[PDB]
Amino acid sequence: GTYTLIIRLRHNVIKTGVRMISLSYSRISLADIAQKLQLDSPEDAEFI
Amino acid sequence: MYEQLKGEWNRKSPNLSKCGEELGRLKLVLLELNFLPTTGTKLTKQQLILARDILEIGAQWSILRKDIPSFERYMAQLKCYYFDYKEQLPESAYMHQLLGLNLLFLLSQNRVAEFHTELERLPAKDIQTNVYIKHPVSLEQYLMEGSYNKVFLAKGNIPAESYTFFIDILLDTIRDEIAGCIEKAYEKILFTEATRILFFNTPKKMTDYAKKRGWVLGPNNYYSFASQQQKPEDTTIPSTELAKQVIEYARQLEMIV
Amino acid sequence: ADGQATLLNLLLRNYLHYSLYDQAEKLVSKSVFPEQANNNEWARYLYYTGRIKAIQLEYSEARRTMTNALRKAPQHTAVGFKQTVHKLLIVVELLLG
Amino acid sequence: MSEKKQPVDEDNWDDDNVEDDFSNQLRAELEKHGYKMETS
Amino acid sequence: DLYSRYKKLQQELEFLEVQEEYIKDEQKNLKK
Amino acid sequence: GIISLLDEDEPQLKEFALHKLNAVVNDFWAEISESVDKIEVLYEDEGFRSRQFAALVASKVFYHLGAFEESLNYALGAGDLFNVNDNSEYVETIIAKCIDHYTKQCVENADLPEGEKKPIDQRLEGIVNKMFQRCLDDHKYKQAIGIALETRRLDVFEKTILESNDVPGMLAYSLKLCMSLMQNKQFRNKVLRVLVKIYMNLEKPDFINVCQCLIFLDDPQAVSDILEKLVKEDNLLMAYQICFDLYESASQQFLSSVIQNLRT
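Chains as they are written, first to last, in PDB author numbering: chain A, 390 to 437; chain B, 1 to 257; chain C, 244 to 340; chain D, 1 to 9, 40 to 70; chain E, 39 to 70; chain F, 7 to 270.
It is worth saying that the hints were derived from the structure and are not from the lab. Treat each hint with caution, since some may be false.
[Stated by the list, open to error] Here are the computed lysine-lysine pairs in the DSS-like style, where the Cα-Cα straight-line distance is at most 30 Å:
hint, chain 1, residue 1, chain 2, residue 2
1, B, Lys-231, A, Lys-404
2, F, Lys-124, E, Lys-45
3, F, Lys-20, B, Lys-45
4, B, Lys-18, F, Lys-26
5, C, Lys-296, F, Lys-44
6, F, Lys-103, E, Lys-45
7, E, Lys-45, F, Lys-203
8, E, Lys-46, F, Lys-196
9, B, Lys-244, E, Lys-70
10, F, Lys-20, B, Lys-86
11, A, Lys-425, B, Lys-184
12, B, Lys-244, E, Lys-69
13, B, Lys-45, F, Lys-26
14, E, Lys-62, B, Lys-244
15, E, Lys-46, F, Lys-148
16, C, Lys-330, A, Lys-404
17, F, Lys-110, F, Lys-196
In isolation and in its complexed conformation, chain A is listed as follows:
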């Protein structure tokens, strides 16, 4: 009985990811982060 909490972790995975990427890489193309996060789209890679 915890599934409604589990389903909203996709916001926290991607904020953990964007902190990891911005701390690792300094000058990274926005059309490279999406292929690494398997976002399938660079047009919202600006948007996150």
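Given the structure of chain A, go ahead and fit chains B, C, D, E and F onto it with the hints provided.
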């Protein structure tokens, strides 16, 4: 069987001289029986299955006339009807499209706490089944992260009913959001790139946004006033607050408590 | 004493498991504090209201009354509710980082 | 003692963090170096 | 009688209140 | 869920709404507890035909939430429908508010009742003695003596000397228990001066209590008045313990001041 209603309820009578009789019809419901959930007499359902069908359609034309305070009046009463453990219809062709409709408009009410407390009432109906309710919960999930295009791909995908007044508030609360998030550290943008980030081709609506906030109208330019310079070099704000805190250390250090 | 305590955990036990109002009521409940509840009904009392702030999005306030609900507990082994709080306590910390 | 009124029902830590890193990334990274010399 | 059960029992809260204030003086006065 | 229909402006829905505000006053008691309190608006809007029962459910709901006076001022202004029902565990909740508020009001009104006095509602004062009539008629006089002091009133204490309880020694051993817990000289002398002009007006006038009180009261002429009755009665046997308890207890200056009233 005391109905007085079965002639002009399905056909559109938009804000005509029926709703005054209709509420007076609902007033005459109250003289017969209360809308107490009628714990006894389970077989008699004409006060329950025939009377709630009036109250769910009475919620339905509330949104076509843009009647916001009386809209949640009927919808809260329907919520107090499916709380009954007495066996009813489990649903109809309306229950998903009304309960999840409340989910979609309370989204527009900008109250996320009540958005997630509905989720007790249907554990399995969110992902693995009930696809018409999977669409609103996936929508606000996409509003949670930065995703904006997939939000409007769901504005290319409205399957269930019209949902028109809801997504237009969802238009409006995104319009100021991008007009909010145009104010990040951006460079010169011409009058095509951030002109098409919302929807618009080239109306004067961009001048409404470019004169509301900055990013000044120039020679095909959005001017960046990316300053963020004024606030630092503050010793005083610690020097007021820490001088309070250091005394608080000496309070629970020497004097007996 | 001890009538303010047990009658509220036993009030919560399916009010959490229902969607009835019962959560902002326990905000404006004055009976939040019975101030002493014999160290075992007090210890899970902070847990039953610990899931309440978790399920209605109050994250950072919840993790300190989840932790306090874990470390006021006895020395038993067949502990299947402690199997639940040790799961739930760091659900909400995954929500925080 | 040891009651808990029931209402409902090193050697290990450092490698767990090391299990976190190479969980699904180059476990037996042994022979790709033999195949990366002619590519790179 | 029952009327004396409260009047005499509030009479000693009058009497109890000094004593905790009294030793509060002597936690510091003996140190000096 | 009936809270949403509180803006109809047809009044007959409100009496249909308050029909549900009593029997299920414990489950959506969670709901209309702090979010909606719109009772006082229709309470002030000149209908009326209601605001009677409207102040009951707020006297219910502010009670448990610690706003006892917010319940109590509504419990005052609710009228008859609040006080028509007293066969429950709720009547103990409301007289422990009101009478306690009454006696902590009258202690202030024992000081200065004249000038800027408080708006004593007739229901605020009328259920005091009514419950005291419930004590006079339910056989209990160890507490009929009690609240009669706790009301801090002179004449209702004088009233209950003639009651359904006879006087062998009750109201005479009361002052034995009243002098021990006697708080000040201010409430003492006012009560004690009227109790002993009725002891002379009793059937058999008690003599040691009317002397013991009077030296506590310092009336250097009143004992000479009842001495003159004993001169008129002409027996020194009953004119004896009025006199040597006067010599044993009283002050020298009091005996030197009362002697003018004995020789005249």
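* Asked: Are the Cα positions of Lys-20/F and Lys-86/B separated by 30 Å at most?
  -> holds (27 Å)
* Given pair status - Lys-69/E, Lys-244/B, alpha carbons within 30 Å -> Answer holds: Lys-244/B to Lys-69/E is near 28 Å, not above 30 Å.
* Is the hinted pair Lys-425/A and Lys-184/B satisfied, with a Cα-Cα distance of at most 30 Å? -> Measuring from Cα to Cα gives roughly 24 Å; hence the hint holds.
* Asked: Does the alpha-carbon distance linking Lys-45/B and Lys-26/F stay inside the 30 Å limit?
  -> holds (21 Å)
* Asked: Between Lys-231/B and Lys-404/A, does the CA-CA distance stay at or below 30 Å?
  -> holds (27 Å)
* **Restraint status (C-alpha distance of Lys-244/B to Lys-70/E at most 30 Å)** => With Cα atoms ~28 Å apart, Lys-244/B and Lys-70/E stay inside 30 Å; holds.
* To do: Compare the distance between the alpha carbons of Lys-103/F and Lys-45/E with 30 Å, and conclude whether the hinted pair is satisfied.
  => holds (19 Å)
* Asked: When you check the alpha-carbon spacing of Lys-46/E and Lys-148/F, does it fall within 30 Å?
  -> Given pair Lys-46/E, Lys-148/F holds - Cα atoms ~15 Å apart, limit 30 Å.
* With a cut-off of 30 Å on the C-alpha distance, tell me whether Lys-124/F and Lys-45/E pass. => holds (27 Å)
* Asked: Given the hinted pair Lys-296/C and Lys-44/F, is their alpha-carbon gap at most 30 Å?
  -> Within the cut-off at roughly 29 Å; holds.
* Asked: Is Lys-330/C within 30 Å of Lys-404/A, Cα to Cα?
  -> This hinted pair holds, its Cα atoms lying about 22 Å apart.
* To do: Would you mind confirming whether the straight-line C-alpha gap from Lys-45/E to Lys-203/F stays at or under 30 Å?
  => Status holds; Cα separation ~27 Å.
Going through the hint list in order, the structure satisfies each hint without exception.
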